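*Asks:* The chain contents come next:
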Amino acid sequence: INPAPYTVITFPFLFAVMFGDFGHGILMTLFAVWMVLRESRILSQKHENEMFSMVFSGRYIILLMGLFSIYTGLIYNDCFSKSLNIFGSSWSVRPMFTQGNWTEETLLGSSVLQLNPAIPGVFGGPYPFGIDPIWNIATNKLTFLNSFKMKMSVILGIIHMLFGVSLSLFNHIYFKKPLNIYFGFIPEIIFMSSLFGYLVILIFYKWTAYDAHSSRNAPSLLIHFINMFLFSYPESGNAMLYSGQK
Amino acid sequence: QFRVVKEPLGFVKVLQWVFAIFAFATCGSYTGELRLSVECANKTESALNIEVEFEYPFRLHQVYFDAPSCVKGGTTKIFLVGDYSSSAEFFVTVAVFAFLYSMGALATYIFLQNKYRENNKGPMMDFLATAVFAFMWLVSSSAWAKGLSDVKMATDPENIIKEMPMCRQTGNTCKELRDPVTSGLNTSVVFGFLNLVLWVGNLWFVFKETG
Amino acid sequence: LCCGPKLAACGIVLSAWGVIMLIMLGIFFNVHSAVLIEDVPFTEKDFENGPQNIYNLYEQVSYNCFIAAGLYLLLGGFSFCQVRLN
Amino acid sequence: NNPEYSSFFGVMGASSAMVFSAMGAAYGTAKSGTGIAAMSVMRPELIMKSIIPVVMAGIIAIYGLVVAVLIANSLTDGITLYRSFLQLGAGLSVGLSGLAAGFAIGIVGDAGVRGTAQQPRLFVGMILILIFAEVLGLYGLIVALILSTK
Amino acid sequence: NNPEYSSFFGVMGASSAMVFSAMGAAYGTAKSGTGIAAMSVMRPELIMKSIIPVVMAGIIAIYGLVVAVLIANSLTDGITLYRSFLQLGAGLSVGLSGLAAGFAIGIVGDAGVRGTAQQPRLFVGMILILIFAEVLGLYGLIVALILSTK
Amino acid sequence: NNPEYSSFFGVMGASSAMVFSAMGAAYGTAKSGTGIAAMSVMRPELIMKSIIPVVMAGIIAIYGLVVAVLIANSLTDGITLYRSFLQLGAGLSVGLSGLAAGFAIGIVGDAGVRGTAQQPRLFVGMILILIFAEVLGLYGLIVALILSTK
Amino acid sequence: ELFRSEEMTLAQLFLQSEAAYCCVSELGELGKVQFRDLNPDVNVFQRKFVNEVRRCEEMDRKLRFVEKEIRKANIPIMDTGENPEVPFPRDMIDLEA
Amino acid sequence: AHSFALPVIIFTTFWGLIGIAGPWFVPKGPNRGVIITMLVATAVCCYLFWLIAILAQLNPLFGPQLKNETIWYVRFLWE
Amino acid sequence: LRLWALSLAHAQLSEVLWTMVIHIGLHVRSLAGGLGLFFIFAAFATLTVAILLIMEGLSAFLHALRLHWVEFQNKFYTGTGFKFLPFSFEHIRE
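Residue numbers (PDB author numbering), protein chains in the order written: chain E, 389 to 634; chain G, 18 to 228; chain W, 5 to 90; chain L, 6 to 155; chain H, 6 to 155; chain S, 6 to 155; chain X, 3 to 99; chain A, 5 to 80, 82 to 84; chain P, 740 to 833.
Hints were generated in silico from the structure; no laboratory data involved.
Honestly, I wouldn't trust all of these hints.
List of simulated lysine-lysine pairs, DSS-like, C-alpha gap at most 27 Å [to be verified]: (1) E:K434 x X:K74; (2) L:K54 x H:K54; (3) E:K594 x E:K539.
Computed Cβ-Cβ distance ranges for the label pairs, DEER-style [said to hold, decoys possible]: (4) G:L155 x E:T491: 24 to 32 Å; (5) W:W21 x S:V140: 50 to 58 Å; (6) P:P825 x X:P91: 52 to 60 Å.
We put the CB at the ideal spot given by N, CA and C, even for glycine.
Looking at chain E on its own, in the form it has when it is part of the complex:
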């Protein structure tokens, strides 16, 4: 199986998430488009600069890079360190924040910052796309953002290598190796899945099953994973995701 057709789309996406910006993506798409519009002139022209030749030969690679770079710049909500405002930041109502037992808070605020609390009963709501721009100006953005970025990267890696392990089965099917299936692909893929698919569904389960009503003494993903890996099951100290999970 030729991996090139799959790379044609995988590789732009991975370079985009590795270059996750809107404006820069635009600039280097402009560069690639300048290569493509000047195709005929450059073709009939000597260019001893081998770097130029090597980048030009894969110019359509650069176009794909930049298209996916623009798309990820949009989803990440970043453009020269600035978020895009569709004015859909409908989560935290500020006059209602004053209504929420914050009376003359500005008097203290002249020297402090007064982080907004979770579940005041009056907040809630997502952003239309990507991250809310309120986090683009927040100080807790470092704690908020980097965590699900980590978990996201794990997810994407798992799906990619799943795809590779399926390609190995396709090779086995073509070349008639029943030994490479019974003792090969099937056992190893179930080996991988029985850990990482469980990790994925646990991640999503917590993401959609625990809210800020349970923030105090909430579970922890890594602690539960360590409990699994070490066969340690303390009675208390870690809120249990669901009964019978042990």
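Mind docking chains G, W, L, H, S, X, A and P on chain E? Use the hints.
*Replies:* Below, chains G, W, L, H, S, X, A and P without anything else, positioned relative to chain E:
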């Protein structure tokens, strides 16, 4: 050619131009006001005239006024409620740009009569663009009329009076001195309906022209 | 001829990118009224009387970039003239 | 009641977890790097087959970094001075193990790279010793993870 | 209640963030350039290829700035004395990672550019092995940012 | 309330800021200077144009000098016991950054004049490689201008 | 559907020597038929075309001599067309001379 | 403030219809299989990215930390 | 997690570049502010196209290259084949 001008096909374009500018000149240029009075138990804290003004883009969520706090003679800020620019601004910009397209079509009928008759191409693109703009107007005008109705229910003084704890205090009773007026917006939406009807009729006549 | 495109194509492209950037930032200074979420920096020390002075300041701030926009426009025009010296 | 100055343990612990492992990493790309340079000088056809020890150095970097970030995100100011000390010990153990793995992988990668070109039968044994270096790194990682949740 | 001059661990962290990195990138350029002076003796057409490892050696210095400037901006006087420790750890971590990357880049770019001055095929392996040095520097910056933000 | 013996943190900062850079500049003039002394024999025509790395080590020392003079400009006895520590960090940082930059520049410029003498084509490439070390020294300047003004 | 390498089969061409010259000419024009050597234990001299290659190579070196003379003369040297038809008679030796 | 089912259904139908209607429209050319694999891969990858992003943004655990000047500005500005 | 790593690296680099270069070009002064902002943004543009587009972009391409080569091709892309060289006079240009 004066015959082409005398044809109703372009005269309706002229009518559309005029009544479209008349529509969106008053859709997003109306202003009004409403005044409030506070009957405080302490006469020193009481008020009689509290001016509040509203105008396009009609972002009530970003408008505020100061009224007595009913506590030691202080005051407090009162932010109105409602993001009605999300429809008003969109509809106004929509009307502006499609009216510019109407000017373009009138120009096509005026000078480029030769290319207009050339292979019947002018009628094709004009009809298609006009139908697209008519559907867009239907959506935008319906949304903006619903937003106008939302503004109308939002202008009731008793709602803001009952929402305010200081007005709910005994002996502190805030009555609206002057109620708001929104007749110009009614005229504006009537103009919008007239524009829609005119363009539908012109679509019929243009389809007759094509065949 | 004089000031050939081999040394002025960079001028052309940078002038174009600069003018697009500048009008984008200017419309975000003026029409958006320089929303502090998208543009935190400002220079004000006393604003307890209301946000009116900052609203006035938005006008001067949006003016500050159209000057550079005109400078880039004339630079691009003269660079294109140099390129046309062929 | 918690004694102050407790976090000297954990804050240094994450760092030390990655410090000696970073030194081992710089060592692992070093000597095998030169050996691979020489053996692609003499014959370019086995250039792709000679990259495994570099991947092993990357894996030792993983061994250091996972414990480093695990110690980092397991931090606070009001610690009971027990877990923080345990994080320090775990960091020292994992870092020193990663450094040992770096030394072994660099030296053996160079030796086996210069060997396989002459006698192809040495390549498999080279790979085996690379596995052994990875097992050393994993030993260190095991004790680190035990100390991270004790 | 905060002890005296409490920020000084974090200020020494801002120092250590670029101190050891300035040592490292300097090392990397130090041997690479002396290599290049010899490479272009017999193949001057590779003066362009000579620049490849050095532009990438600049990234160690970039990383030295990354946290150093960040903390030169985010510093203050009323510090609880624990974030100060965190910043010290971050700075020394990224700095010694700069040393590691500098060491590996210098020696490996040196050897690989010799082996490219002889065999052109070696170029691909040169770049490939070069990858892991910046991976290491990246790991350093990862832990440094975690500690600078935790 | 300011503790006694506070200003030395700034004063010794300004002291180190240029002194360590001066050690670097001493190496910078030493090595490349000796190399040019050797290479006058076969190509006397390159004597004047080989001055480049020496001038550049000059600016490396100017970095530390600028920081040292700046701290002296901001020096005061009534320090808050935090600004002097920032001056300390800035001076230490820039001084040793100049140290490393000057050493690397000296040896690389020495090898570069060897290379340019044996082959004139190296004159431009070696210049660029020297610019890299100057940029590293400039980063050492940069952080120290942020901190000593903070 | 799973894309893999195009099918490859190898094919033995058996044909007269003169017709083999003409067919190799046509395949040189076409350019889709890798030729595998079947007698790797035979040097150039035993393949009996070594003299042809030597004559062509000496000709080509003299052609480069004339080329550098032309460069000294600064001729535009267009080299536009009439090149790829490549006729194959034996009188080319006379033209070489 | 925004129903989640709305963007859910919108982008499910969008990316799904693209990915599923791809193969039943491409002509039988030299690279039909290649281009259908291309569009399906692009669709699934972009789709999954947006899903994980929005679901991370769902169900918060803590608010954003803001300056007091920011409190003033957002007070006078809107919500 | 190199994904996470480089994403954070770019984000923080862009944020620093904003906070140091284009931030200082904004000032209360009307005309002198814009005149300084001209050259400040000139330097901004030069450094932006330098550090992030060229070096970080190359590093990103390179990390993705390594990822596809090791993390993906090791499982299924086993063994190797002989590079076919269909004979053809490719020296028409040469």
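*Asks:* Give a verdict on every hint.
*Replies:* For each hint, the structure was consulted:
no.: 1; hint: E:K434 x X:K74; result: holds, 21 Å
no.: 2; hint: L:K54 x H:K54; result: holds, 24 Å
no.: 3; hint: E:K594 x E:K539; result: holds, 12 Å
no.: 4; hint: G:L155 x E:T491: 24 to 32 Å; result: violated, 48 Å
no.: 5; hint: W:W21 x S:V140: 50 to 58 Å; result: violated, 25 Å
no.: 6; hint: P:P825 x X:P91: 52 to 60 Å; result: violated, 28 Å
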